[PDB]
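Colleague: Listed below are the residues making up each chain.
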Amino acid sequence: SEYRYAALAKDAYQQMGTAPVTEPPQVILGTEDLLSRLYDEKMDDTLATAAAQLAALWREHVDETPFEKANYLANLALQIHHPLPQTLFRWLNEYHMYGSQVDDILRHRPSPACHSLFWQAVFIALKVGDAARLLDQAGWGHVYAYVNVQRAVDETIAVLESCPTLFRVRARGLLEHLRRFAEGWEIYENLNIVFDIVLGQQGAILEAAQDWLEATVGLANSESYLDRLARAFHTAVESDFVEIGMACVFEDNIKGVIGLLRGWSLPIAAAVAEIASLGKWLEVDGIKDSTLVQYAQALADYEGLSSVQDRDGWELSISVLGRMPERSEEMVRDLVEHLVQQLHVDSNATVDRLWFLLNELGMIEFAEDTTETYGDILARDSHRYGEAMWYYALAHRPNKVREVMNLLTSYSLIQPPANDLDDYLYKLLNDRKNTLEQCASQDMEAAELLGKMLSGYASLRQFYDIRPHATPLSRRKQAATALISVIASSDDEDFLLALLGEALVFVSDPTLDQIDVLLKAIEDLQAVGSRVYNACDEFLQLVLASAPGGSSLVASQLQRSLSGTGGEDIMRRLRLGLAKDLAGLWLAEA
Amino acid sequence: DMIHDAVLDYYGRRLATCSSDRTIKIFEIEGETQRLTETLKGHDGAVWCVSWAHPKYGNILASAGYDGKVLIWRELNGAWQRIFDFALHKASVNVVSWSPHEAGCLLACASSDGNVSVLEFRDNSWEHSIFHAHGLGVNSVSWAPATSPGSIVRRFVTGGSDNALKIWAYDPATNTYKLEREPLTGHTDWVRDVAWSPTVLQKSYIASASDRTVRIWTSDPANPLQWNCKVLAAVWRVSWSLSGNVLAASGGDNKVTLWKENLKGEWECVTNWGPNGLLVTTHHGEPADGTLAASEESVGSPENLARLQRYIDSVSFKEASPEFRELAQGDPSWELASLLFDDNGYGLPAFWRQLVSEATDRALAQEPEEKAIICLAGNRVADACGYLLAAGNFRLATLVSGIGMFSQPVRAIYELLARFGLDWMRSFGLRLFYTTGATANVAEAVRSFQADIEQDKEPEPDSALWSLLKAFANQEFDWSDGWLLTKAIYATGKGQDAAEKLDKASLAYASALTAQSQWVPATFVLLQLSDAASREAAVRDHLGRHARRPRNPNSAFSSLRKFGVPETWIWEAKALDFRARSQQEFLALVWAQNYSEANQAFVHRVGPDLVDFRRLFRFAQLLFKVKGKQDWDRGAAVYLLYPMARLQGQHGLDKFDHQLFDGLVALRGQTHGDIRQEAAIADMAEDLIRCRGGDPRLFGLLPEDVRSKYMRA
Amino acid sequence: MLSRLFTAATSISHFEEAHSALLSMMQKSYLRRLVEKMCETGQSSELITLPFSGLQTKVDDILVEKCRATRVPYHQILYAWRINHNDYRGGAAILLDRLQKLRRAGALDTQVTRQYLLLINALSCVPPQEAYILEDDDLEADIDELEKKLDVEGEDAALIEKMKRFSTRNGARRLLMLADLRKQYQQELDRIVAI
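Protein chains in written order, with our numbering: chain G, 37 to 626; chain D, 2 to 714; chain H, 8 to 202.
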């Protein structure tokens, strides 16, 4: 009949609802236990930690009611899943009634004389052997006349104190003592039926039926369970609805229990399911996306108090999101995108945490689009730069990083301070070794390779900052020519001609190796084509006009070079000038 | 990997390659020997079509890019130099056709923007002539050869993206290009390419490729028409071929469809493509290296070439006539065809009798009787009557009665006494010997045989004797079978009207013999055309490419002169080739007695060759002996007046030294953008500064300034 | 033997006076010696000081004559370029080309590539129409025969008589251009890339 109770339960939590009544610590401890049980994937330890979670639930109950009932269902389920009759008798102490039996027996132990409510307490008592030990020393003496009874009772207790393969031997010895006692008022019948209860016969256990669960316990597999319930509900004891809930917990229908717990306020339902998916086996779809939507929509509004460690937020939501089935990414995409729709905010903590979460699984593309669109967020007008440039650097897209670099050095050529003063805070990566060593700790193959693209503008701005005696000036010039040469190799890049022109004016206008490299650069620039020369010259024409802002003589010489009446001359000055520098420097024999 | 065009040079020795990645590669082809040499670069978009120049104007290339710019390349002293750039097209320039050397040095450009500009080559630098084209764009252009013979030293058709073509003609009245006659709606879809036939004939053939249909307009002195063959991928590029008037069509089918012309009127068939048939009789494909040799398929010509050479050596003696028994010799075809016109006059049943006398000898073997019938199929009936005298009893009495006027032998003998029964090469002769005699007719036997084979299967396949004996009755043309006996058949009996088609067949056989690694017989057969201008031009250009591959000794030149070719075109063409190859190269044309103005313009080559005095003195003596025609002899004698001042050394002016100074100055002023010439005259000027005063003839800034600053000190 | 003592007695310091001794002198063949000393000691100093161009021609031919010795550590040729950088850029390029030809007929990268680079440097330094560089059968019988063949066919007579007189009086340069060496360098780089 358990299937009928299951079907009735299915129509029970259908009229119920869902409500996140719980406080933050319950949720935190819950998802902590869950993540501790999921990241571990020798399962007894998980059961122990689960029991610890249960202890935390009981603690939350004492400190303080759907929480109560659903906690009872959780405890019961986890105890069934786990000596099944031993743990059943262990849960017998804590009742699911109107009163109690334990406190009744404890207050029944001492007595001046034998009470009339004694034998029924014997029926209830059947810690069992210890309870029979008090029956061994009952005292008797109630009007009475011996002719014995003491020997028979002592025998029954001696047999009862045998155990608490061997159980069959115990039963055989029991039957033997039954024959022995039958071969030899109220006492006789009482001892008889008590003995029948100790036996395990159905005619004795079904007799003492104060409660349905009480008779259920009094009776190593789930089939034995189903048999126990098939013989419990057949009698007239139980009540119809919570009771159906436990009736399903006991039954093989675990799913309906999860549904009922979902009908309860607690999100612990999910947790139960999370334990039901690691041990047990087998409106919208199943009960994996339901808990998903429930939890995700629950934490969507709740921030919670600050824990020992940070929990920005949106951490538990994703941690349970990708804790399902392998269709988790289908929901991760949706929720992360929903976060992207509201990502438009100058806050690095949210994106950092979100990245920390998305990088905890096999989902790199989502974090990629996240940091990329965050770089798109920090496009703005002209601030943050290197922060933004770093949020371009991370998660691939190196062409975009080179684009930001190009825009930056272009802005340097137009004015060459460029990134100065407060903008240093946007970079602040003054060290080229320490910074990369402290940044590649997260992602080596990303931060190191993308960080190796920063040397150019760094040493260039260094050269701009420089302009110890006269020789470090030549060292700075050598570094500058080296950098220009580095950004001159990418041609066989449009802002190159202006740079090479400034350095051109700086060198000579009436080492050694650098001269040859510059000459090779001019050679590799004077034979490009019509594509990458018109843009370079156009850029050079847009450089001489200083709108957003040594170099003065350069700008004056160039302004007098392109003056007309109404670019190649610069290179001619390069040829003449470097030919002079070779007429002088190259003749340095010793 | 994405090549859009590959153009062979005038000789077929240097391959020009364009590409899509802005790279113009230059290869050196010597058969299978692929030698990469030089690479050029400097365009915005993809390069569409390159085009070689005529060697008379030097090695010049014409490149058209996707950007719309047109780069004209040219090599200078063994090195390539980018000279001129013409950019006047809003869209990409698809194709650029090269002008013929008889019409100067022009250059037609075709772009899909709405105009087609022709680029004239001024002595110094470019002159441009702008015309207007189709509104929907233009993707094709091709030059038309005029009527003039000239080697050393005008219309053009424009294709359309507006589903039409046009024909431009030169017009000096307005110094532009007038449209005399417009063609109408050749296709339905945009025309992909148009190509003009380089072959000189009575008519001009135009190829038009688009809707997967192809038009071939035959432009006689009237309105041309075509027969569009529904061949159905799209056809993009079509290249003509001066190797039998061949027409190569190329579209997207991983193959090139070659088209030849039949006398009936139909043409028999033998991402980008861009093929170009080399004038050295070779087809170039675009895999990327293509070199497919295309020629007519027939029985080996070495024997026929021997007979042909035997004909030339026995006819060409003075300054012609095609005979029969004078060049018959060994081949049975000539001897048979000669007496075939006469109705069995020269013993027709005797020659075939000898033929089966040499054929039936293999049929009488292993034949145990049956050999009687097998010999009866043969001409002689003596051995047949003998074998039928051996056995068969009285059957002989019938057989001998047939040579005077329940069994297969009896049936065959009876049938032959009055079907063929079996098949052989002697079948027609057998039918000829036993269907005639009653009237002694030959035409009746041939006609009856023709009807019989018209009602039979597998009869007389692929034979020369077929056309030979079929030519008797209904004297016309049938199929291909040497062209000497054809002209011989044209002289006496017969194929009326199609004389110009005989011209085209002789041109086809001329180019066929020209593609068989031969020039001299090709030169002879090309000299045997109907028109004068056609023969002259064809022989001229052919001798160009022939002498390109021809020395003074007899073994070659006397073989080229025995044909009757004048000593003017040969040497002129040879030197035309030698131009692209030296200063002593023009000496050939100098003593060729065919130089005239070329000898006067040879000083341009004598210039950079002074780098050495006695030689120049001798050449200048040769130019001194020839005081003929601009003919600026006073300014040309400067080269002779230079070693005079060089050997003079300071005792007084020559009273002609000022004349060579004035000539050197006039030359230095007239000499345009030629750095070699300017440097030469500058050097030879500095040479006579240390000798005499040398007040004029100062050129360069540095040498003049510093040397004058040192001499005045 | 005296010239050695003369050049030793020159003792060139900041003079501006020995030039007068140069313009006062019969044979200035001893100049080559003092210059040689000036080349043996600290160099480039003679680049710095120059009396006149007409006098500089002599020392130019002197150092050039010291370059043809093919004396590798070429030394003077480099110097010979430097002076020829002040004036005669073309000659500097030419001598550097001769230099490349000497080095090519006897590491190689740093010398050849730099030589060609400086060559195109001097190439663009010099305006067009001035890239001129020196850089040092049985056909004539037909010429004479056909000459005698056409002369029978055909104050000027005095010019012909003179021409005959100079005919009785009767009995190695290259042409390095712009695109010539510009292509030569590309060919050298192509040959180096084919290694």
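Watch out, some of these pointers could steer you wrong.
[What the hints assert, rightly or not] Calculated pairs, DSS-like style, for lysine-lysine (alpha carbon to alpha carbon, straight line, at most 27 Å):
| no. | chain 1 | residue 1 | chain 2 | residue 2 |
| --- | --- | --- | --- | --- |
| 1 | D | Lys-204 | D | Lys-628 |
| 2 | H | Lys-65 | D | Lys-710 |
| 3 | H | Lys-155 | D | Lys-628 |
| 4 | D | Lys-70 | H | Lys-190 |
| 5 | D | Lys-626 | H | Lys-44 |
| 6 | G | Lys-616 | H | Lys-73 |
| 7 | H | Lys-73 | D | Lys-42 |
| 8 | D | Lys-628 | H | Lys-169 |
| 9 | D | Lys-42 | D | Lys-70 |
| 10 | G | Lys-78 | G | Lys-46 |
| 11 | H | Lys-73 | D | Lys-626 |
| 12 | G | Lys-616 | H | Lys-156 |
| 13 | D | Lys-630 | D | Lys-261 |
| 14 | G | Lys-616 | H | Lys-169 |
| 15 | D | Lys-710 | G | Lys-556 |
| 16 | D | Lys-630 | H | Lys-171 |
| 17 | H | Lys-190 | G | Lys-616 |
| 18 | H | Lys-190 | H | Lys-108 |
| 19 | D | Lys-179 | D | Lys-231 |
| 20 | H | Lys-190 | D | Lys-628 |
| 21 | H | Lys-73 | D | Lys-710 |
| 22 | G | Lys-291 | G | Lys-46 |
| 23 | D | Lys-656 | H | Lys-73 |
| 24 | D | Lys-167 | G | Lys-556 |
| 25 | D | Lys-167 | D | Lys-261 |
| 26 | D | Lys-626 | H | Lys-169 |
| 27 | D | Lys-628 | D | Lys-57 |
| 28 | D | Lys-471 | D | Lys-495 |
| 29 | H | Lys-108 | D | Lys-656 |
| 30 | D | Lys-630 | H | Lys-156 |
[Stated by the list, open to error] A few chain G residues that don't get close to chain H, going by computed Cβ distances all over 12 Å:
| no. | residue |
| --- | --- |
| 31 | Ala-161 |
| 32 | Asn-184 |
| 33 | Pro-200 |
| 34 | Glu-481 |
| 35 | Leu-554 |
| 36 | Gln-562 |
| 37 | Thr-601 |
| 38 | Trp-622 |
Keep in mind the hints are simulated off the structure, nothing from the lab.
All C-beta atoms, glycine included, are put in the ideal place defined by N, C-alpha and C.
Colleague: Determine for every hint whether it applies to the structure shown.
Modeller: Structure-based check of each hint:
no.: 1; hint: D/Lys-204 x D/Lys-628; verdict: violated, 43 Å
no.: 2; hint: H/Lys-65 x D/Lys-710; verdict: holds, 14 Å
no.: 3; hint: H/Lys-155 x D/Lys-628; verdict: holds, 15 Å
no.: 4; hint: D/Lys-70 x H/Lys-190; verdict: holds, 23 Å
no.: 5; hint: D/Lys-626 x H/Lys-44; verdict: violated, 59 Å
no.: 6; hint: G/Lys-616 x H/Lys-73; verdict: holds, 23 Å
no.: 7; hint: H/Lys-73 x D/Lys-42; verdict: violated, 42 Å
no.: 8; hint: D/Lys-628 x H/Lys-169; verdict: holds, 18 Å
no.: 9; hint: D/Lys-42 x D/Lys-70; verdict: holds, 13 Å
no.: 10; hint: G/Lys-78 x G/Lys-46; verdict: violated, 34 Å
no.: 11; hint: H/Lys-73 x D/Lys-626; verdict: violated, 47 Å
no.: 12; hint: G/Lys-616 x H/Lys-156; verdict: violated, 60 Å
no.: 13; hint: D/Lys-630 x D/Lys-261; verdict: violated, 46 Å
no.: 14; hint: G/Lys-616 x H/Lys-169; verdict: violated, 52 Å
no.: 15; hint: D/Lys-710 x G/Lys-556; verdict: violated, 35 Å
no.: 16; hint: D/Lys-630 x H/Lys-171; verdict: holds, 24 Å
no.: 17; hint: H/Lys-190 x G/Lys-616; verdict: holds, 25 Å
no.: 18; hint: H/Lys-190 x H/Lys-108; verdict: holds, 16 Å
no.: 19; hint: D/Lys-179 x D/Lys-231; verdict: violated, 34 Å
no.: 20; hint: H/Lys-190 x D/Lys-628; verdict: violated, 41 Å
no.: 21; hint: H/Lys-73 x D/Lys-710; verdict: holds, 25 Å
no.: 22; hint: G/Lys-291 x G/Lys-46; verdict: holds, 9 Å
no.: 23; hint: D/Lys-656 x H/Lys-73; verdict: violated, 41 Å
no.: 24; hint: D/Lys-167 x G/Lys-556; verdict: violated, 51 Å
no.: 25; hint: D/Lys-167 x D/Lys-261; verdict: holds, 25 Å
no.: 26; hint: D/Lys-626 x H/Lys-169; verdict: holds, 15 Å
no.: 27; hint: D/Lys-628 x D/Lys-57; verdict: holds, 24 Å
no.: 28; hint: D/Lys-471 x D/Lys-495; verdict: holds, 12 Å
no.: 29; hint: H/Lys-108 x D/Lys-656; verdict: violated, 44 Å
no.: 30; hint: D/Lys-630 x H/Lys-156; verdict: holds, 19 Å
no.: 31; hint: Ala-161; verdict: holds, 101 Å
no.: 32; hint: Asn-184; verdict: holds, 120 Å
no.: 33; hint: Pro-200; verdict: holds, 94 Å
no.: 34; hint: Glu-481; verdict: holds, 32 Å
no.: 35; hint: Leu-554; verdict: violated, 10 Å
no.: 36; hint: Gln-562; verdict: violated, 8 Å
no.: 37; hint: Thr-601; verdict: holds, 21 Å
no.: 38; hint: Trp-622; verdict: violated, 7 Å
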